[PDB]
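Note that one protein chain of the assembly has been removed; the remaining protein chains are unaltered in position.
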Amino acid sequence: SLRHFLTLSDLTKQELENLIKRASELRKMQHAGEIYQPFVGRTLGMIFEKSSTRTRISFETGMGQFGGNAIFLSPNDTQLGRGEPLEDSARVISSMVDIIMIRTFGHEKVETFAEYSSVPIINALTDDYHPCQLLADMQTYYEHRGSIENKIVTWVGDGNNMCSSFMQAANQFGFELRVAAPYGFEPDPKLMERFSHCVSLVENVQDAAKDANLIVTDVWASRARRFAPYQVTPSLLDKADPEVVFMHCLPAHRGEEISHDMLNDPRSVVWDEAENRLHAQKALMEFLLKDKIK
Amino acid sequence: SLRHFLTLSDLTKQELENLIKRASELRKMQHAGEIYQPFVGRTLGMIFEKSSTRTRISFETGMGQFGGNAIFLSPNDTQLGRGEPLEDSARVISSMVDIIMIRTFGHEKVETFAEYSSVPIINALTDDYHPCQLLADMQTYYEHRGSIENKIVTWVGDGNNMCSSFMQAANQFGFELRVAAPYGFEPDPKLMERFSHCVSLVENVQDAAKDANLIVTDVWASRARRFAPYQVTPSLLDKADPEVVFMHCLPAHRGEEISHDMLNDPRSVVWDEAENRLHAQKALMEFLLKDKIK
Partner (left out) sequence: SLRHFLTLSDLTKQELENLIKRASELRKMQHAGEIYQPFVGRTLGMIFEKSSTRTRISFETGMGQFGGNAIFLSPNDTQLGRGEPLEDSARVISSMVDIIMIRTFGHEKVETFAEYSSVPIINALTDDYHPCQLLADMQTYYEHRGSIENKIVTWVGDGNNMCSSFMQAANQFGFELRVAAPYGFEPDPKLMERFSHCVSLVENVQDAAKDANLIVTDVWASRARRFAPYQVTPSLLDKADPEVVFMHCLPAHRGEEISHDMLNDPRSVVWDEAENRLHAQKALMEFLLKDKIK
């Protein structure tokens, strides 16, 4: 019975498509001022082993809009140490709240937390995978261009940040991914091989962009010499499908800014990427607690 | 369309009078146990570049009573650095929440935040101006003595704390202000000149108090030699209008205490000054989001 969201594949292809569609409907409802409160009396526990303000604000805002409450556990509040400290945090917190989101770095830590939880666990982000941001990215594409099935997606930059999430998503959402990575900054071959069905490595960014429906990048405006040809410009977007949309990993560290040209370009959906963390996560919480609804 | 509260004059004289009257009605409603929840599904973002527990508790309590939720962003949560860090915090937070209060020190920072916000901004307090406390002070006067229009207000102390807020309020609420400031601790002449229409500088505290309807002070009980004659006592209140009320800036730093004599004096409305941050801010949030109500 008890379903978690630890990795993207914990939902079937159809559940993922229904979720993104549901997130778009929840976004229209909130903006139209509809009151939808299926979680009156319900509580979200938010466990942050490492801080993410974007995660925290979006989850807290979401559960509130649904009539529930969110409990913010900051790193040095509760014991996340491997062993009993982890498993006892899980059983006790889940006897009190109805759903838990966790931000940790152990991929084995989130699995152990889940095993001892009586309630659904959401893995918001780990150090390797960003499943909540990836859901928000797929919602944003869907809202501007419909279904991404059999579309072409071009990742521009290294194998860090959301690269692995996009590679993982290719198979699940049914798209073709090209990774345009600078020489010496390619993803792990072992990863490439895992997703070799849907994903290909392409040095030439101009060729990778050809016929792309979505261009997504973690390359920050100005190592810098090596990334300079991987800077996404209006010029690069001109080589894509005329229906191309542009996404950019949102700023994570000081100095990371996206050019005005790319934010203001009419093909850019960066601001929806950030807002849709709210709506995509509401769709996810609604899905995991649906047997508590109505 | 989009209206902010960055400075007192962002509301007309009549809106300010309606707001104070509305705050008094909201206070009676809450105390009578009336449930008034126009903000079900709505969120307040509270941005603190510098901490104010009094601001935080009052806003959080207010939005909660209205059926909404408040998100507490502490200083080193979100990026308030001048430039893009500021403007991107604004656009993204306002795509998710319905109203933002900000506590900063830049008067240019709150204006820039407002320019890029899709939602109303409340400037709770800056390092120079205390517009939320000033609304609570005007509510408190109104509740005990009615309209302050054509009344006499006497500020006793230096040009710090709420002095500039009172000088600014004189013109907007239509009162005459005397600043009774010790020699060498007078407000900036340039300020005095700005508000020279409604505001006068008066050394003799006894003369300043003559016919006063409200005496307000930032002079803390026992430099100290120089302030000693500017200590507000029952004696000084005896020289005012028999209807005079007494207010005192609330404690901001360790060691700042108000005498028992002044707190317990029947003309003292200090405790209402503190409580009415709750009600005045509810009136303000209701005003700025009224097109979302009903």
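Order as written gives the chain letters A and B; numbering starts at 1 within each chain.
In the analysis below, a contact is a pair of C-beta atoms (placed from the backbone, for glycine too) under 8 Å apart; a residue touches a chain by one contact, two chains touch by 3 or more.
**Q** Touching the absent chain in the whole complex: find that residue among B:115, B:211 or B:257.
**A** If we include the chain that is not displayed, B:257 is the one touching it.
**Q** From the list A:23, A:57 or A:97, which touches the chain that is not on show?
**A** The one listed residue touching the chain not shown is A:97.
**Q** Looking at the full complex, which residue from A:33, A:41 or A:146 touches the chain that isn't shown here?
**A** Per the contact definition at the top, the residue touching the missing chain is A:41.
**Q** Of B:278, B:280 or B:284, which sits in contact with the chain we cannot see?
**A** The one listed residue touching the chain not shown is B:278.
**Q** So that we can see where the missing chain sits, which residues of subunit A does it touch?
**A** Residue positions of subunit A that touch the missing chain: 40-41, 43, 45, 68-69, 71, 73, 77-79, 84, 88, 91-93, 95-97, 292.
**Q** For subunit B, which residues touch the unseen chain?
**A** Per the touch rule, subunit B residues meeting the hidden chain are 30, 33, 35-37, 51, 53-54, 57-58, 60-61, 64-65, 67, 69, 251, 254, 257, 271, 274-275, 278.
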